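Undergrad: Chain residues, written in single-letter form:
There are 2 protein chains.
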Amino acid sequence: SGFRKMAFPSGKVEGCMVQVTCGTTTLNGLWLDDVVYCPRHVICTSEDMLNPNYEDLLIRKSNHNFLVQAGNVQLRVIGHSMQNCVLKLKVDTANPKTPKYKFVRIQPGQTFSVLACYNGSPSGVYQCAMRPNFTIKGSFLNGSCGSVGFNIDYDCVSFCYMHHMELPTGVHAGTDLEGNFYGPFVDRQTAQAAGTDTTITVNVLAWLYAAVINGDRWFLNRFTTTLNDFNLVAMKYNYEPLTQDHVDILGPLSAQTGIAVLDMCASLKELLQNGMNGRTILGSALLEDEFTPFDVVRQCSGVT
Amino acid sequence: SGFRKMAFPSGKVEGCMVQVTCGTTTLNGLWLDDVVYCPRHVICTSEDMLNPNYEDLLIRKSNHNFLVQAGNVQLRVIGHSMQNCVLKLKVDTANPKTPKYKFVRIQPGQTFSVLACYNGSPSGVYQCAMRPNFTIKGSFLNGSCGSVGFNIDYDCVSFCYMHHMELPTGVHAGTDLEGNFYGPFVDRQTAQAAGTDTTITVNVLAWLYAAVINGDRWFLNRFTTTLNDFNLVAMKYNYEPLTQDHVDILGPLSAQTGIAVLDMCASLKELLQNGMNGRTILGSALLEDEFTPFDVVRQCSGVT
Ligand SMILES: *C(=C)CNC(=O)[C@H](CC(N)=O)NC(C)=O
Ligand SMILES: *C(=C)CNC(=O)[C@H](CC(N)=O)NC(C)=O
Numbered sequence: 001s002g003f004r005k006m007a008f009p010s011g012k013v014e015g016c017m018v019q020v021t022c023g024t025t026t027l028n029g030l031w032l033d034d035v036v037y038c039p040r041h042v043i044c045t046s047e048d049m050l051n052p053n054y055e056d057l058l059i060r061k062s063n064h065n066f067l068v069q070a071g072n073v074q075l076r077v078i079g080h081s082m083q084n085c086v087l088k089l090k091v092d093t094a095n096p097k098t099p100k101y102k103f104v105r106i107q108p109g110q111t112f113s114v115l116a117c118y119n120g121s122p123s124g125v126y127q128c129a130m131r132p133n134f135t136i137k138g139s140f141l142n143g144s145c146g147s148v149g150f151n152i153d154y155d156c157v158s159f160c161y162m163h164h165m166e167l168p169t170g171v172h173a174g175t176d177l178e179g180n181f182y183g184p185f186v187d188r189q190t191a192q193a194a195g196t197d198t199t200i201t202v203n204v205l206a207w208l209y210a211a212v213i214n215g216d217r218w219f220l221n222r223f224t225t226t227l228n229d230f231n232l233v234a235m236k237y238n239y240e241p242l243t244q245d246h247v248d249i250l251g252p253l254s255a256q257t258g259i260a261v262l263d264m265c266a267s268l269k270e271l272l273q274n275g276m277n278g279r280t281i282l283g284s285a286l287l288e289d290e291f292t293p294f295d296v297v298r299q300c301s302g303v304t
Numbered sequence: 001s002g003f004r005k006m007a008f009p010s011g012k013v014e015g016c017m018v019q020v021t022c023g024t025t026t027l028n029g030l031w032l033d034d035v036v037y038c039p040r041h042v043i044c045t046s047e048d049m050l051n052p053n054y055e056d057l058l059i060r061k062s063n064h065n066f067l068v069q070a071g072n073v074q075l076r077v078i079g080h081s082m083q084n085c086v087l088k089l090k091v092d093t094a095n096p097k098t099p100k101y102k103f104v105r106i107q108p109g110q111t112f113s114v115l116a117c118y119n120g121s122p123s124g125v126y127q128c129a130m131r132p133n134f135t136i137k138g139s140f141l142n143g144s145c146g147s148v149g150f151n152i153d154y155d156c157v158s159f160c161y162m163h164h165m166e167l168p169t170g171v172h173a174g175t176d177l178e179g180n181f182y183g184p185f186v187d188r189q190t191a192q193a194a195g196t197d198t199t200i201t202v203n204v205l206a207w208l209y210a211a212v213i214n215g216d217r218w219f220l221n222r223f224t225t226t227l228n229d230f231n232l233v234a235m236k237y238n239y240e241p242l243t244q245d246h247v248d249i250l251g252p253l254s255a256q257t258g259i260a261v262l263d264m265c266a267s268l269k270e271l272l273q274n275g276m277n278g279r280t281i282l283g284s285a286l287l288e289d290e291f292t293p294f295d296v297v298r299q300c301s302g303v304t
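As given, the protein sequences belong to chains A and A', one line each in that order. A prime marks a further copy of an entry chain.
Reading the first sequence from the start, the letters are residues 1 to 304 in the entry's author numbering.
Reading the second sequence from the start, the letters are residues 1 to 304 in the entry's author numbering.
Derived by calculation from the structure, the hints in this document are not laboratory data.
Among these hints, one or two may not hold up.
Said to hold, decoys possible - If you only want the chain A side, here are some residues facing chain A', beta carbon under 7 Å, derived:
| # | residue |
| --- | --- |
| 1 | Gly-2 |
| 2 | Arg-4 |
| 3 | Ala-7 |
Unchecked claim - Cross-link-like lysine-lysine pairs, in silico, DSSO-like; alpha carbons within 27 Å at most:
| # | chain 1 | residue 1 | chain 2 | residue 2 |
| --- | --- | --- | --- | --- |
| 4 | A | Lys-100 | A | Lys-88 |
| 5 | A | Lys-97 | A' | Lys-88 |
| 6 | A | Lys-61 | A | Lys-88 |
| 7 | A' | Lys-100 | A' | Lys-61 |
| 8 | A' | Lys-236 | A' | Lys-137 |
| 9 | A' | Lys-102 | A' | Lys-90 |
| 10 | A | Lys-137 | A | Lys-236 |
| 11 | A' | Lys-90 | A' | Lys-100 |
| 12 | A' | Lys-100 | A | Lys-97 |
| 13 | A' | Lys-97 | A | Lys-100 |
| 14 | A' | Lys-137 | A | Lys-137 |
| 15 | A' | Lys-88 | A' | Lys-100 |
Ideal Cβ positions, reconstructed from N, Cα and C, are used throughout, including at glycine.
Modelling step: build the complete structure from the supplied sequences, incorporating the hints.
TA: Below is the structure:
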């Protein structure tokens, strides 16, 4: 029993973190096989970041200008290329700790673990969600660029995020491991405002299911609703619309608890309209939306 | 910027987890050098747990009755002893991934990372606090016994917790790595009720400091207080008394922010008396107490 915001064990990713230095910029890289992946703004000064022409800046860089350090041992860079907003540094040594991996581009509402790193060294691990506005609310200080987000399926690390940017509002933006930003963000120090940070409805409902499973039941009401009626309330509270796809995904939690998904929607509707009245659910005074239905099943079943 | 409930990177501890089986009971063990540490109730049936005599149960067990599996390779047990509520299984092979380590017994209010494990395999990592009533609010399913809590100082793992027990209220109890329970708990399936779960005041104040540092300032008021006046309010709200030792520990966060500790106490006093009025601090609708002053400095400074 108990339900915690839980990250994947980070060891497999710790084994991939390196330091990348280009001139006076140092950030983190991800060493998989004989390639080190890092944000392309490693080639920039803070001055460059105001208006960088990356192709032009890269012309001035050779293999020997990229200093890659894995622990306290230097890797030899034998090639470099830009893919979208990442650099791929080819090194002469395959990372011996390379886990089975994939590169995945996640959808908004999907959760992942971040291994916060500085100078190629892990500082901490925490659980994030891709917000509906394609930001993440992370903990990223100067030097954290190139820290990665990931999911693990048994022995396979799916890398979904690399950290690039803090917006002036202090929310975070980054790329998948092909270098494509999530959302409309660019790797430039300019005015970039996030859209509406809506609540990930399917994730709130999953977490209400987790609550019932762990004995927090006070919010369960006598009502049901429809998707259309629920969605009217959801829109009013800046919640994402719930689709039949979301209802289908919640099916196993519905089955386990014997609470129809639309009944849990009606409970959620009353919590939106009535508030918590100073009560908590799983030790929270607000409705948690950074657990996916898959997260709740995993944590409630003990998957390793 | 951003402030997250952050666990230590778990790789160093992942490298220590093994499966221990005795008859039909399987749980987790911690393999450090040539010793595997696990809860002594590995020798119990669920029937035994109602009223176990551990010394008597252990007489019936030989080295070959303890099955220790590290990955999918069996370790040879060459000795066993009971220390308090843990078994120490001497094995013929030193764990080659043994990190620098220490065993520490933490105080209430101290935070630590848990690596939740099943069948010797890590499922997740999360951040916990030793509650003032010597429980932790964890996420622990059947099979999680022997999962450990730890802090890391650069390269040295300080193990502070091993999981033994879920109380009927669904909060958790366990031992240090010498086998001594935190609090009054015993490894028996009997009526064990927790005392008052008070709020860790020094940790709330640390987190209010983290909030100011990350730009959440709305709760900062025009007032100051004294320790004695604050403590009267703290008692009324089931907050731990604040001591001058706590004020001293908050000194560096006081210095960084320029907010006197007693001024932040007066802000906290108003939040207790007035509530949040539907506002959030660092994305929380309640006052967070599972960040120590050391945690806040570490996360705000980027220690690796
Ligand atoms: C993202 C991490 C960009 N890096 C930085 O701004 C700092 C400053 C620098 N000298 O590169 N890097 C570190 C390691 O603090
Ligand atoms: C604490 C983990 C005690 N272990 C258990 O109760 C279960 C049941 C068993 N067969 O040992 N262990 C597991 C691995 O589920």
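Undergrad: So which of those numbered hints doesn't the model satisfy?
TA: Numbers 5, 7 - these are the hints that the structure violates, sorted from lowest upward.
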